[PDB]
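Presented as structure tokens, the chain that follows is alone, the form deposited in one PDB entry.
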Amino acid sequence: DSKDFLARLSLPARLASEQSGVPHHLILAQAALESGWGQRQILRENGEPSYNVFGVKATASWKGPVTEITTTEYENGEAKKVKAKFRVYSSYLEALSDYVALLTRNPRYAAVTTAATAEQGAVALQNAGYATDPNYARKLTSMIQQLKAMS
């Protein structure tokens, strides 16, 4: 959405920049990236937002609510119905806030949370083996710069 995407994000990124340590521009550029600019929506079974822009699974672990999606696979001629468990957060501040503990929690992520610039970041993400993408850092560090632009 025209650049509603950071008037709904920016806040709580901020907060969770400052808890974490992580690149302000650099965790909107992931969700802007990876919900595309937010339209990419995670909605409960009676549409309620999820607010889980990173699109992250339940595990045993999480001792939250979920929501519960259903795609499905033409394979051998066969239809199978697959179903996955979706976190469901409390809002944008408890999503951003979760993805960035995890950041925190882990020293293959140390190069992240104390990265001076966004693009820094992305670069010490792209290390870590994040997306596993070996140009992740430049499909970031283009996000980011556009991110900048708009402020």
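Residue numbers count along the first chain shown, from 1. Each form is matched to the other, and the largest set of C-alpha atoms that superpose within 1.5 Å is called the rigid core. What changes on going to the form deposited in another entry:
Shown in the overlay between the two forms, fitted on the rigid core, is a CA shift at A137 of 2 Å or greater.
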The other form holds:
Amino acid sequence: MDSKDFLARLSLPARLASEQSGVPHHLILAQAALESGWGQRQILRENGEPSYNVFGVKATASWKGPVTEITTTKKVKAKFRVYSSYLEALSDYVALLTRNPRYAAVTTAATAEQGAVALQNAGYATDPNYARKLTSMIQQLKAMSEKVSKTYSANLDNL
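Please supply the coordinates for the form deposited in another entry, as a counterpart to the form deposited in one PDB entry shown previously.
Just the single chain follows, nothing else.
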């Protein structure tokens, strides 16, 4: 979807997931934007409802919840976790991060930029383009959130 719409949908759940886990707010958002293509990747349930699974987290035997089966083209079938909300999805994502001791420094970073350093040290992605893209995403999100905040107060002084 449009970047502004994506940010509007995911900002609050990422903030709440950040409070729960310690993972920086805009790091979660940046990874979600980056990996879903600002929501262009949609993973729907069989009846068309959203799965809210923005990261594309696969359903395996360690998942107790609902799943959705996506078949892509040779033909290939994959199972994804189904969530009831973006908040549940991002909460599950930072829990998965939290569960892995190698990413401890991510859960104690004070800024998104520090969090991105921590991910890179932990070896989150081997392709060095991922860290470059994440750095740029974090910068873009900072500018966007500034712009939103000014739309709010610029508007309020209508009245």
